[PDB]
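Asker: For reference, the chains in residue letters:
Protein chains: 2
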Amino acid sequence: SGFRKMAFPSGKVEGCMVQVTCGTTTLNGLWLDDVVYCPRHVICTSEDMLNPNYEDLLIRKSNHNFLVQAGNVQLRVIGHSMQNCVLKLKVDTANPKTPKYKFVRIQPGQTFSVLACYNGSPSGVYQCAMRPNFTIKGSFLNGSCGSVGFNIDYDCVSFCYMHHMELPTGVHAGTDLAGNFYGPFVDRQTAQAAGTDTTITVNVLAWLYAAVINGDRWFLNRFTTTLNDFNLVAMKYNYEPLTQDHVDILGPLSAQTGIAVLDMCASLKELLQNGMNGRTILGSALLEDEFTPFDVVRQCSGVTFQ
Amino acid sequence: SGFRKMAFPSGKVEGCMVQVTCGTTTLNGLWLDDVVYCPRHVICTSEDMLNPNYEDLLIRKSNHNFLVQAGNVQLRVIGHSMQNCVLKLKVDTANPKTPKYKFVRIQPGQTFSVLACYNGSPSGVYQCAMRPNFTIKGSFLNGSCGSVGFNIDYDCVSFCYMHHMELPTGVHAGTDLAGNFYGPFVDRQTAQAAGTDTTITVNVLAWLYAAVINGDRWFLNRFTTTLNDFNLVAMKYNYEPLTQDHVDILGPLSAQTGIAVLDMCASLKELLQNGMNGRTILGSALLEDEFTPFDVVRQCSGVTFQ
Ligand SMILES: *[C@H](O)[C@H](C[C@@H]1CCNC1=O)NC(=O)[C@@H]1[C@@H]2[C@H](CN1C(=O)COc1ccc(OC(F)(F)F)cc1)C2(C)C
Ligand SMILES: *[C@H](O)[C@H](C[C@@H]1CCNC1=O)NC(=O)[C@@H]1[C@@H]2[C@H](CN1C(=O)COc1ccc(OC(F)(F)F)cc1)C2(C)C
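One line per chain: the protein sequences are A and B, in this order.
Note that full-length UniProt numbering has the first sequence beginning at 3264, numbered continuously upward.
Note that full-length UniProt numbering has the second sequence beginning at 3264, numbered continuously upward.
A few of these clues could be false.
Claimed, not checked - Here are some chain A residues the structure puts well away from chain B; computed CB gaps all over 10 Å:
#, residue
1, 3357
2, 3358
3, 3491
4, 3515
Unchecked claim - Simulated DEER-style distance windows between Cβ atoms:
#, chain 1, residue 1, chain 2, residue 2, range
5, A, 3455, B, 3539, 23 to 33 Å
6, A, 3499, B, 3539, 15 to 25 Å
7, B, 3416, A, 3309, 32 to 42 Å
Hints in this document: simulated from the structure, not taken from any laboratory.
Heads up, the beta-carbon is just placed ideally off N, CA and C, and yes, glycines get one too.
One chain only, chain A, in its complex shape:
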């Protein structure tokens, strides 16, 4: 027992991080087979960042302008191309540490682990969700661009995020590995802001089940509620609506604990209306929303990866 915000083991990804320097810009790149992926604003400078026409900026580059430095070994670049907001630098060497991988584009509310990197060297690993407003609340300092987020699923790394920028509110914005941004953000230093966020309802309910599996039973009740009447109370507290697809998803957890999904919604209703009144759930005084139903099952039954 116990319940912790758990990241995936980072080893398979650490073997892919490299440093990419062009001009006066250093950031991280992701080296898979003979290609290095990185944010395209590495070809910028400080006066570029206002309003670049990245196509203009890149027709003006040569291969030798890109220092790709893989620890203590320099990787010769032999070609370059742009896909949306990422660069793909073709190098003369294939990474022998290339794991089995996929590029996936995740839905808001799904979670992933982030390996924060600087100068191609990993700094730490932590778990994040994609917020409903397509930001993530990460931990990123200057030079972290190029760090990726990922999930592992047996032996395969599904890469789902590359870091590009911080917004004025201190949240973070980036792309999938094909360089399409999550949300309406652009890789420009102009006025942008995150949009109103909401709480991820289905995740809260999964986290409440985690709590019950782990022996927190103070917030339960017999009241029940209809899905309709639950969503009327959720919209008042800035929670996303609950769909039957969310309900079905919560089936295995409902079954394991013996608490009907709609009964757990009746619990959440009274927690939103009364607060917690000094109590805590899983060592948290807030309703936690960055655990998926999958995350709970995975952790509460011990799934591993090879």
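Here the structure of chain A is known, so what remains is to put chain B with the ligands in place on it, guided by the hints.
Answerer: Below, chain B with the ligands without anything else, positioned relative to chain A:
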């Protein structure tokens, strides 16, 4: 900016986890050079666990009773010995992935990352502190014994914890890598309990500085307090005393923010007496105490590891 409970990258340790089976017991082992370390209660059975005389249990073993299975390769054991509560199995092969490492025994209140493992395969990674009562609040299911906790410091892995047991209250107890338990626990299924815990005062103060670096300034004030008068209020809320050594430690953070340590104590005083009153600090509605002064500086300035 941003502030997350960050684990160290797990790669160097993943390359050391192996599976150890003796009799009807499977757990994890740590393979460094030609030695595999694991909890000694692997030589037990179910009726053993009441009150074993592990010396009796081990004089009765042969090398071939220990299946040490390193992924898809079996490691022949060629010798075995017991040091305190861990076994050291000598194997005919040295792990080529052995990182630079040390065994360290940490003080309560220090933090470390835990790579949870099952059947020699890593499941996830997360950050923990050693509580003042020498438990840790981890996430561990049956078969996780042998997972280690560690810190990284440039290129060197300092191993500081190996998992052995869960106590009735759902917290976790284990040893350093030389097999001496943290706290008064023994590797026996008999009546044991954790002892009263306290909150790690110096860590809370570091976490408050993290908050200020990241722009949370609602809990600040001009009141100041003496160290004496602060500790009178701390003891009433079950916090550990603050020492000048704690104060000096908090020097760099005090300097970076411009807030004297004793001023930040005056802040913490009023947060203990008034609560937070709806506000949150770093997305937490509780005072967080598993970030060390070192953890804060590391994260708020981007230190990496090679
Ligand atoms: C790349 O390593 C770096 C990481 C960030 C630095 C600090 N924290 C980070 O996550 N990215 C980076 O610098 C991007 C680059 C330039 C601007 N940028 C930002 O993160 C800041 O962007 C930004 C957005 C909006 C905004 O509002 C203002 F007032 F209108 F202009 C200011 C700045 C790229 C090209 C986006
Ligand atoms: C090893 O993988 C396993 C991990 C734990 C199983 C569930 N969560 C875990 O962390 N360890 C393990 O089973 C140890 C083994 C046997 C007992 N044990 C426990 O974790 C439970 O110990 C325990 C302590 C006190 C207690 O009180 C009671 F009522 F008095 F007896 C009950 C059980 C070793 C040899 C400690």
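Asker: Against this structure, judge whether each hint is valid.
Answerer: Checked hints:
1. 3357: 20 Å, holds
2. 3358: The claim holds: residue 3358(A) sits with its nearest Cβ about 14 Å from chain B, beyond 10 Å.
3. 3491: Non-interface label stands for residue 3491(A): nearest chain B Cβ at 30 Å, farther than 10 Å.
4. 3515: The assertion about residue 3515(A) holds, with a minimum of 17 Å to chain B.
5. 3455(A) - 3539(B): 23 to 33 Å: 31 Å, holds
6. 3499(A) - 3539(B): 15 to 25 Å: 23 Å, holds
7. 3416(B) - 3309(A): 32 to 42 Å: Given a distance of about 34 Å, which is inside 32 to 42 Å, the answer is holds.
Hint violations for this structure: none, all hints satisfied.
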